[PDB]
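Work out the full structure, taking the sequences as your base and the hints as a guide.
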Amino acid sequence: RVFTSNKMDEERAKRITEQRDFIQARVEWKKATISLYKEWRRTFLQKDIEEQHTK
Amino acid sequence: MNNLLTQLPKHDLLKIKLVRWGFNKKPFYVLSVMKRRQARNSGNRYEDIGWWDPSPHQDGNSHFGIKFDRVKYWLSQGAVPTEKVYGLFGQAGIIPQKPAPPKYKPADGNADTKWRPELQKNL
Amino acid sequence: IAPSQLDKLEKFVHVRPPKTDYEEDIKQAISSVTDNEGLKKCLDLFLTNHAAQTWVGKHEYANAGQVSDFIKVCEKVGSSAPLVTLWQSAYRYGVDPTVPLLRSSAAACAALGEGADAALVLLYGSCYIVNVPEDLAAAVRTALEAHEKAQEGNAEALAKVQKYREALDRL
Amino acid sequence: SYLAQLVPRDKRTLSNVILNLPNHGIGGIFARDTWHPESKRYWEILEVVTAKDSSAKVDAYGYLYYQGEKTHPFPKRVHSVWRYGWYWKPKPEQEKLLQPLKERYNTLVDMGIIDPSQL
RNA sequence: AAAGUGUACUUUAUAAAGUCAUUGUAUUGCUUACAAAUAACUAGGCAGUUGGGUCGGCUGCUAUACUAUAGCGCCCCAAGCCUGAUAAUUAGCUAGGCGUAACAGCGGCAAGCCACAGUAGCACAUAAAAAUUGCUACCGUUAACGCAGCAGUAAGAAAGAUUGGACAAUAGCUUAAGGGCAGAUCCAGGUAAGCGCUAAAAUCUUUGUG
Ligand SMILES: [K+]
Ligand SMILES: [Mg+2]
Ligand SMILES: [Mg+2]
Ligand SMILES: [Mg+2]
Ligand SMILES: [Mg+2]
Ligand SMILES: [Mg+2]
Ligand SMILES: [Mg+2]
Ligand SMILES: [Mg+2]
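Protein chains in written order, with my numbering: chain A, 1 to 55; chain B, 1 to 123; chain C, 1 to 171; chain D, 1 to 119.
A couple of the hints might just be wrong.
No more than 27 angstroms apart at the CA atoms, straight line, and that leaves these computed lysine-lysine pairs for DSS-like [unchecked claim]: (1) A:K47 with B:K72; (2) B:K84 with A:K30; (3) B:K98 with B:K67; (4) D:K102 with A:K7; (5) A:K7 with B:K114; (6) C:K41 with D:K102; (7) C:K40 with C:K58; (8) A:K55 with B:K72; (9) B:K15 with B:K84; (10) B:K67 with A:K47; (11) B:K105 with A:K31; (12) C:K8 with D:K102.
Restraint-style ranges between C-beta atoms, simulated for each label pair [to be verified]: (13) C:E24 with D:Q99: 39 to 45 angstroms; (14) C:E24 with D:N23: 42 to 48 angstroms; (15) D:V109 with C:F12: 37 to 43 angstroms; (16) A:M8 with C:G65: 43 to 49 angstroms; (17) D:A56 with C:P3: 16 to 22 angstroms.
Covered stretches of chain B, as calculated for chain A (at least 3 residues, CB under 8 angstroms) [claimed, not checked]: (18) 67-79; (19) 98-104.
In short, the hints are calculated from the structure, not lab data.
Note that beta-carbon positions come from the ideal geometry of N, C-alpha and C, so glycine has one too.
In structure tokens, the structure reads:
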């Protein structure tokens, strides 16, 4: 669902502003976590390769 | 007996969940890696990773234990924490805090008494 | 369902096209109409013809030749409401507003004696034509005077005539 | 009257606006009332085809402009025809020519001869 | 794939995004072995039965392996296969659990696997799916229904709880406008497992008065 209004008043402006901030914050948060997961993923893969060679 | 699962789900997601292990009005939680669609306290798990005691002690703090190395391993594989687990990891500094959406609904005026008839009898 | 892209619209049109030519039906309908109900049917026929032409690709005033015939039938029948509706929605019916058409409609209403209808047609016509002839205005004024005399006994008619006279004077 | 399409009205789909205009409103500018007036959001109509059966609804094709710039590469049909709030936006040349006509229409509405809600 | 792509959809004088559709290096796996109650007043069992050959065994779209589960099915060919077999009685299994120095014996609690939803045969549903999906016949009440979902009623039995409150928390379904749904669950009521405390006052507890 979305919010739309024919009246160009303060209430309409507030809803648009709040939504923009939330979406921007969530997008930035997603990028940071994924980068951490990718970095950890490489580390564990390297350990497995070393263990396999030892065996 | 409770052998841990090894094969990953093919049609569902893995999540990090809280399991209720308390007593009457004395909650206690255990963190484990389980299939998304299951019973709350089901015995099917991939690993148990931590514990949490939400109530304050004489020192005024809550206590939380976690495996730092294994949390990263499962987060890399694709396990998705729930909303409350995100809060615990955010405060503990394992991952950045997750922003919450704005709230407009008038909050509940009876949250600790609405679901407890014993208090309402005295009220 | 209509295609999303405009480049595929030609194929959509050619498949099962609807009936488009209604000139023969309208000509027969105009002659056969002798009551108000038939006049309403003709108005619907005009609307369907104007809408149907888009399938062929024409966007002109299809109902530009039979307008005069429709006016004649309405005057003979004696009902002016169909003409009032036509001028109110002239574009929707595919009729191009022009001074000769306005004069013909006003004369028909004036002949019927409905000065109030004559004022309505002139007022609606003024919204399509920038300049209204002064002679036409005088004719409508005479029609209003005749209408007032004919129906002087009805207070509601007197109020309507007075209101229309004020509108004509203001505009 | 076609002059009644300038002010948006409740339960007024784009089909009613397009039909009650000269030449089916080809080459005109239309927009919804929920869009900000200064946002420069509008549709430019290039082709119109009526419904096969109803003959009272229209499928329109054209371009979509946001901030006075095209948003898509090729013409496409308007998918929001069925929504409400559409109104006519005459170009400056049309506005100048229609100045006296708008005044006449407003006077008639003020005096109660014309009821915009019915039309 | 916590991904990419779009002549697609929605919101914006503030825009980042999501929605819908589609896409994976072979595009969702079969087989074998061992163990697990009585039981001979059950001694013969099996003929698609044991093995071999051709053909079939579909839902495409890397290349070879000479066709790469199978008597799984048709036709043909050779006579083999099992023998505490075959037929019966009883029981859901694992395990926590209770007695015992142990060995053994028996099977209330948390959880895992399997089967079923009045009875039986079928269609979908393959890969994670039929209490609250269909078709047919039958049984019991009255064209319909089947509470072995929660509460509750009747009969039977020595003996089986309220026709309660709430989504505040945990888990789940949907949704980018921050909401909606819920007898899972969390709380209360009822019933002498068990565990803890009270059933007497004392300078109005000197952890006091000031
Ligand atoms: K059955
Ligand atoms: Mg049994
Ligand atoms: Mg059955
Ligand atoms: Mg199920
Ligand atoms: Mg039953
Ligand atoms: Mg029951
Ligand atoms: Mg929730
Ligand atoms: Mg007793």
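Cross-check of the supplied hints:
| no. | hint | verdict |
| --- | --- | --- |
| 1 | A:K47 with B:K72 | holds, 14 angstroms |
| 2 | B:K84 with A:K30 | holds, 17 angstroms |
| 3 | B:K98 with B:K67 | holds, 21 angstroms |
| 4 | D:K102 with A:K7 | holds, 24 angstroms |
| 5 | A:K7 with B:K114 | violated, 39 angstroms |
| 6 | C:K41 with D:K102 | violated, 32 angstroms |
| 7 | C:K40 with C:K58 | holds, 25 angstroms |
| 8 | A:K55 with B:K72 | holds, 25 angstroms |
| 9 | B:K15 with B:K84 | holds, 12 angstroms |
| 10 | B:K67 with A:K47 | holds, 18 angstroms |
| 11 | B:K105 with A:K31 | violated, 30 angstroms |
| 12 | C:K8 with D:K102 | violated, 39 angstroms |
| 13 | C:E24 with D:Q99: 39 to 45 angstroms | holds, 43 angstroms |
| 14 | C:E24 with D:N23: 42 to 48 angstroms | violated, 25 angstroms |
| 15 | D:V109 with C:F12: 37 to 43 angstroms | holds, 40 angstroms |
| 16 | A:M8 with C:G65: 43 to 49 angstroms | holds, 48 angstroms |
| 17 | D:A56 with C:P3: 16 to 22 angstroms | holds, 21 angstroms |
| 18 | 67-79 | holds (count 4) |
| 19 | 98-104 | holds (count 4) |
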